[PDB]
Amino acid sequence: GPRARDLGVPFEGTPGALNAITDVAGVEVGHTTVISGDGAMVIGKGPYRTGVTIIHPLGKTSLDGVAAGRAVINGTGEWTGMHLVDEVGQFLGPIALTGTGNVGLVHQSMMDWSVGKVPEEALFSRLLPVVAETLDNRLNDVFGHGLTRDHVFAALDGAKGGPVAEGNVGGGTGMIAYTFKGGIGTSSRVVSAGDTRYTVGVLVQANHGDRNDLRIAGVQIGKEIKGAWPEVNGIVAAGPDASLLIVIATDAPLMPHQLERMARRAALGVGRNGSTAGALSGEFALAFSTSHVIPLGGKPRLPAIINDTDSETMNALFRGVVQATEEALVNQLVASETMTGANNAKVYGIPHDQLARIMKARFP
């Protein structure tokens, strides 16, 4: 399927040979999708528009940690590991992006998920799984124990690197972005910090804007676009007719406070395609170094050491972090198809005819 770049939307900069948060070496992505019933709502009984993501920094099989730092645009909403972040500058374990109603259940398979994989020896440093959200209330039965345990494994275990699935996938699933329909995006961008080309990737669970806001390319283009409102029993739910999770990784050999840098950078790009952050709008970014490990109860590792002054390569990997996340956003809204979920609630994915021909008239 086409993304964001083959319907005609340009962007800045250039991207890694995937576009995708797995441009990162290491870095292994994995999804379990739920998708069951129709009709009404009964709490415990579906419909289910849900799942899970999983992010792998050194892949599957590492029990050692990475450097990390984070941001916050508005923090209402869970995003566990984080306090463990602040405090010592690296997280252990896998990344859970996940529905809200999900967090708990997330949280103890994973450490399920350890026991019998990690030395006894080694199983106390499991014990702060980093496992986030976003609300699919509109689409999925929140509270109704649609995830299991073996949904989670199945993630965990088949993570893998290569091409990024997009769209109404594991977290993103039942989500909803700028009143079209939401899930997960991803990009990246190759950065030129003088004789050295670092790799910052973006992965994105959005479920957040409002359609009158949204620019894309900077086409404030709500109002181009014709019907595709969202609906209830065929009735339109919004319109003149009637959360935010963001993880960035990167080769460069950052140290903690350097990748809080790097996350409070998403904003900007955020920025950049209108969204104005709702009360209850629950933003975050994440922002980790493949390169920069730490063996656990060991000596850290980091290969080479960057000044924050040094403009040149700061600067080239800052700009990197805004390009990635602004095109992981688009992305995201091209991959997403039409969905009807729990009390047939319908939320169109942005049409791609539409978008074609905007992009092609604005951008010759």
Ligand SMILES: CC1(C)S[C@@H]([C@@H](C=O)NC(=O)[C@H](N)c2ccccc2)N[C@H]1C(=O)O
Second form
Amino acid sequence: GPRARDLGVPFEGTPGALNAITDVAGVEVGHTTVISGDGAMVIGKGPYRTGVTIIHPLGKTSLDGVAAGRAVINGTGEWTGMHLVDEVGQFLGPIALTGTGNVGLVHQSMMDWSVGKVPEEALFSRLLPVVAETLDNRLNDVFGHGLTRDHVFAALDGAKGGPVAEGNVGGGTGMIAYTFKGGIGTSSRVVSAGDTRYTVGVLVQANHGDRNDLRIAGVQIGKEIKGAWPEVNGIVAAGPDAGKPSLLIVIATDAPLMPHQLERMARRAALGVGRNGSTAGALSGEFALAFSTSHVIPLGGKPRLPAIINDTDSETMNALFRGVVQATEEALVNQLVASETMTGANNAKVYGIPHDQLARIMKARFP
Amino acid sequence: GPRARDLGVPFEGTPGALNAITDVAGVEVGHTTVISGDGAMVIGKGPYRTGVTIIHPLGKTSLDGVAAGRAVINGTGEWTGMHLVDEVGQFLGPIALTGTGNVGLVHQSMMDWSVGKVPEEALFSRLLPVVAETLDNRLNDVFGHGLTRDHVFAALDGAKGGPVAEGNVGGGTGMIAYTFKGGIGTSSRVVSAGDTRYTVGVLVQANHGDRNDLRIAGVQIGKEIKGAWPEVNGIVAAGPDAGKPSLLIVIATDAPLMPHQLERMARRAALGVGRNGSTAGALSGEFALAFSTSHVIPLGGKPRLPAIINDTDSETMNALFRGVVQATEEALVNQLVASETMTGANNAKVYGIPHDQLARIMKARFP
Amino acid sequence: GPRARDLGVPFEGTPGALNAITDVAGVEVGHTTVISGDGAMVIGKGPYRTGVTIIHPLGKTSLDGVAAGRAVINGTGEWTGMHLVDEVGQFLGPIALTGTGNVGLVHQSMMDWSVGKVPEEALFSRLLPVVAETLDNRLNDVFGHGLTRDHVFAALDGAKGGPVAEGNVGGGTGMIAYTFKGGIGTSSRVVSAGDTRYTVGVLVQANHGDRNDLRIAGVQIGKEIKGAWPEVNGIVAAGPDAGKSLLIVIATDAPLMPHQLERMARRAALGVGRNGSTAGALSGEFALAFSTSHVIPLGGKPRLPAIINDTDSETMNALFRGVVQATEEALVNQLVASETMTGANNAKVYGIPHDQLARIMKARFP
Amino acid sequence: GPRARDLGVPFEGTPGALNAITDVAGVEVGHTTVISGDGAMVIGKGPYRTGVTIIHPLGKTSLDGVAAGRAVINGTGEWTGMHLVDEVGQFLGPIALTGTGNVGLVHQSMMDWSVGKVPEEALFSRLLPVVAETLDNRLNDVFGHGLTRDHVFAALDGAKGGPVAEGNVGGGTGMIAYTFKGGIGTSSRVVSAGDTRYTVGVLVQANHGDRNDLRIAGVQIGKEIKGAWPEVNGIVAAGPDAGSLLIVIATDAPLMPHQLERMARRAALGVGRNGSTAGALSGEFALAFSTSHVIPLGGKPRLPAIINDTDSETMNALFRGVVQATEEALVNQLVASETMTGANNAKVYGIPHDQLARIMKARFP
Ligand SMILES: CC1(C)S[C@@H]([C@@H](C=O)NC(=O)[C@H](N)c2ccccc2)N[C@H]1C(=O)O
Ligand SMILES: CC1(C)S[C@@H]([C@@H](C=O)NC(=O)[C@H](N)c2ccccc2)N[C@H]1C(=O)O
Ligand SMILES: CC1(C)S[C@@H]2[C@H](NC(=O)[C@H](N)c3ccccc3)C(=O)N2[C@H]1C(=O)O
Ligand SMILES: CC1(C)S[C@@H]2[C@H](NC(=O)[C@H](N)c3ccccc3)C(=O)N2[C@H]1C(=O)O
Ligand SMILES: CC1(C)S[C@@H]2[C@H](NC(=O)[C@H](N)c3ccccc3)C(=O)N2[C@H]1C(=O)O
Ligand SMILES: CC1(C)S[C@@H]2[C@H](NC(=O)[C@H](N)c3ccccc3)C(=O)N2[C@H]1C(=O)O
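Let me have the form deposited with the ligand bound next, following on from the form solved without the ligand.
Shown next: the complete complex, the earlier chain at its head.
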């Protein structure tokens, strides 16, 4: 289907070939999407609209660490492995993005997955898995154990490079963003740092923001779109006619950055988010994690840093920073466009942002 | 002169009466502006385009502390008294915003100022003054001692409530923002938290960003404006026709917030900055400090907290957060509009964003 | 069993009645201790030497939050709920301390425990459980699913005030500290803060440090102790004859704000420092402090019965000294409470010898 | 005179040749010590008991940056240049340690010092000087402008390697630690990291702690010492008869910035060994830097070797070095600082050498 650019939304900068986080060499992505049941929710019996998204920084067979740094916009949420990142500037294993109710199950499943796949002596390196959440409470039976260990194994083992599925998939399945359907979005930038061009890739799991704040390409678009407010049982449940008939950001780069430099990359995510108008609600867990696929730490070995960058080198750093801002901005709009209307638990209905209206608005604003 | 709204720039939200940080009860602002000399720079002899801006959270006569919390967007800069704020959640004395070369002089001057005004028993409370900088290196003889202790005393003693002077004044005098003239800007929002309305006021000293990134009301306006690039000696010095013929954000609120809650307010500034397009350059020291004028700590006494707010109360917190984002966004545009064209050290000429073109663009975009 | 003071170890300050975290009124502690199997390890079959320790800040029936703040000494470990604490200065629900392999199971079990006990409208408040770990890898089948949901429920439901069991129990069951047996330890201080008194309670799950660095009451005691090095099947496995993480929970009834509780938590490092360890590269050493008087009713107005000035040295120094001293003592109490244990792969770790310790203390403090 | 070891205080580990931060090659230290006036304080006239201590990480002629990271024990104090360090993991120029009242003067003086010495194109790199304080308020006329630009220039220009003067010198001149005389202290450790040796050097400016908490070599010694309490005009002013800390860590280990933060976070453990509990207004800070991981101005960073954070053999050796050198630097300070009378005739005693030596002899036969 069309992505944001295909509907005429302009963005600044040059995307990588896939315009996705997988433009960064090494990165694989996998989703398991769990959609079952309709109507009234009973805890433990669905409906389920949930899942898990896996990102392997160096592919699924890697036992090595990647240099990493994080940032917090608003920390009302969970992201495990982050004390490790703060302390030693790297993490081992995959990143899992999922629904809040699944964190514990995913965390233990990743440990289980390592058994028989990792040398015994190396197993202890698999004991701080990285698992993050947003809450799919409006569309999904959160507490009801809809996600199984097999679902997690399937995402771990099925992850791959190449085009990344966006929208109502994996961890984003039951999410809501800007009062429209939330989900997964991704984008990349190839940025010129003098005579070297690096790739910055971003994947988001979006469950944040309000329709009234939303900007797409700078256009405050909430009031321009007619209808498409959420419903319950065929009754408008939000907006002017109500009653009538968190954000996870994962940044990959092939730039050979040190961990403190990656924290800097992570802190740029907030500027990209800011472009699109949201203001970080009190309980919106908005977090960013950045890693390098060129600065790798072989397990029990010497760190591999193929080149080294000066933080005060504006030509290099600004190109990277702008890449993060732009790819984050675009990943967020790509999510909205990829996400289709869904009806879930308790008959809650949330519309995907209307393509026809969006394209019409973009054409009028950008003749 | 006209402020941003007067030129047809739309913003969301409701400003306070003055649309300035002084809409928050207790707050006084003072500037001393130093403009002397023209032509080639000789270190120690100008030209000078610098100054200092003072913000008294509770007025110039207060010996008490205000609850406070900070945030960093990019920390390549100086802001003293911040270890204190991080540790004990309050600061004593005024906030000074100035040029980088002035920090030491301002810091000692603020100590000198307390002598004779503050009981010898309370003097030690005046020994961690709050002084922050952006670099006026393109228009000002930074190292040349253009700022005097008397200049600092004048700003401390002359500060007042009511309308706040914007543009090329005080600490902002010699600054450059988005490749246009930088300086001081301010805005406020009155925000509804249930049956209680709070005030959020913001003042910025802006020296950040690139013209190519600039958004005003979502409009990427750099390429829409014709000319007005900086010059040297009548020769265009930047942009397409080149060669041819940091950010300090101060947030005040009357909301009775605890220090950790004010950190949250400070972290919202990045989103407001994000709206206007900048991407935080490698050497751009972009910082935010938030304080409450209702949560006051009498010197050596019991903290006064007139009411208490739950962090998980979205109705109250989201109103405050949106206030910070909107006031920050507008304060940044207000700065640009207030700042006039200036020629400074080494005949560097930086244009104020052209009012006529800006108004024309806003009219075409927002009929 | 004797605790540290009973063996003649001197400490500074005044302990509470129970000399435990439960000296802070309303705090409840529960353990489930899992000890089964012997001999060679088979992943998935044990031997198991693990468990879980639960701390209910306001008791097991509370749905309210407590003001909270944390500190990191060395962050190579997991402690969930901590982004929440950093952001909004409070956490809901119990603290669980456990073995690394159990984190996910405990996390989901805590959610399950809320279902049926918590009004449906309030359930979302139970979605960021606080769970922390140290690694019982030398005595326990870490990956082998030895801990069950029922074990977690039992600790949650069985938690109580009063005296706290120490040593090889709950989360500390399979741990190793200063090359001796690790485990759970607790201590408290009653402090004079201006013209009121407050209690500072500390509980530790200790799995950190090296014998050669250990100080007890300032005495570098590792070299003064004879034998008691770990073994594997009869063969001494460390020390001169070889081949022949730390979780700190601080409770107080002082009405502190979140940022002030961060300051409390940052004092733990000083008390840790007193006892000699130097925080190894992979030693996850963490502290979390909460107030039981500054409470946040769910969806309501925070309750702060009095307010303290950070610059009030009389009040704050007393509280800080309390943390340092209670931490120092909790660490030694752990060592003394922990008995010799043989576990997975016939690994054997000795409890610090009571007779030698008492002897050394007697000679050092006649 | 004697240092702590000379009075029979035992410590763990192996000190460098100088037992000082200057065991890290290329580091230079300079003090300017300002002692003048006696009797009653009149603000602006003294008595003065203050000064400044300069540490040049790569020597005074370096225009380059050093990789760096910091830690806070209790942040009630000032240390400039630290936002820079947190953000970009390096700092340019010298570290200055001084009295609280002097921070602004020192900060501007460091800028002035660069003019004429640094190419104009490079001057902007000199605009975030690193200046830290503790408060000499009981012995010194803090607000009275006792420190001059010339004093600062002298410490900057006079700094050198080799032995480092301790006690009542430079920034530590008017300080008070554990209710005894405070000041400057330094120590070092040479550590074995697998098949390589590194040096960890520590210098402190100590103005912290209470006598009742003090431990030296594990001995709670405040109560074993008789008298030596502070006085004001012949009248005991503390104790039964009453009728902040800056830690600089240098290493030649090629550590990245986040790794140096870990080093800095070890300082608290060494502080903890000596008993203090970090008072509410005690600004206790640590800064660590590498002299081998250097960043040529406007150039490519130079990292001669790289270390894995999970390499316990290498990291643990370094961490223990910080802890031990911090512990010893604190005791070296006390022993180096002599009894001093200052503003308002306040008198603060150096920890008594005779009593300390006897206590150590009794505890460690
Ligand atoms: C159907 C709904 C999604 S619309 C909603 C309505 C009624 O209270 N409130 C909102 O608009 C609310 N601000 C909101 C809407 C979307 C995402 C987050 C918050 N009721 C919901 C639902 O029942 O889950
Ligand atoms: C006159 C000038 C301001 S324009 C500039 C031109 C030539 O190199 N470069 C820039 O555009 C540069 N990106 C820039 C411009 C403004 C603010 C920050 C960076 N030369 C300057 C000057 O000499 O001070
Ligand atoms: C219902 C909400 C108040 S919480 C939810 C979401 N926040 C998260 O997902 C976050 N990680 C989180 C916070 C608290 C507990 C568990 C998880 C957000 O914001 N949503 C609100 C909404 O739908 O309006
Ligand atoms: C010339 C610059 C590289 S530094 C300057 C400004 N940055 C600051 O003001 C900041 N607080 C700072 C950083 C370093 C030393 C002293 C102060 C920024 O960015 N400017 C660049 C520009 O004009 O292009
Ligand atoms: C085997 C070790 C290298 S890891 C262990 C312990 N550290 C922890 O428990 C910590 N939370 C952790 C770190 C990494 C993965 C999982 C858990 C520590 O230190 N131990 C060493 C030892 O026994 O020698
Ligand atoms: C007089 C004190 C209350 S402040 C002082 C010292 N703390 C500092 O030096 C610190 N950097 C600082 C804190 C506040 C203002 C200025 C400087 C400390 O503790 N001293 C107390 C004491 O002597 O009793």
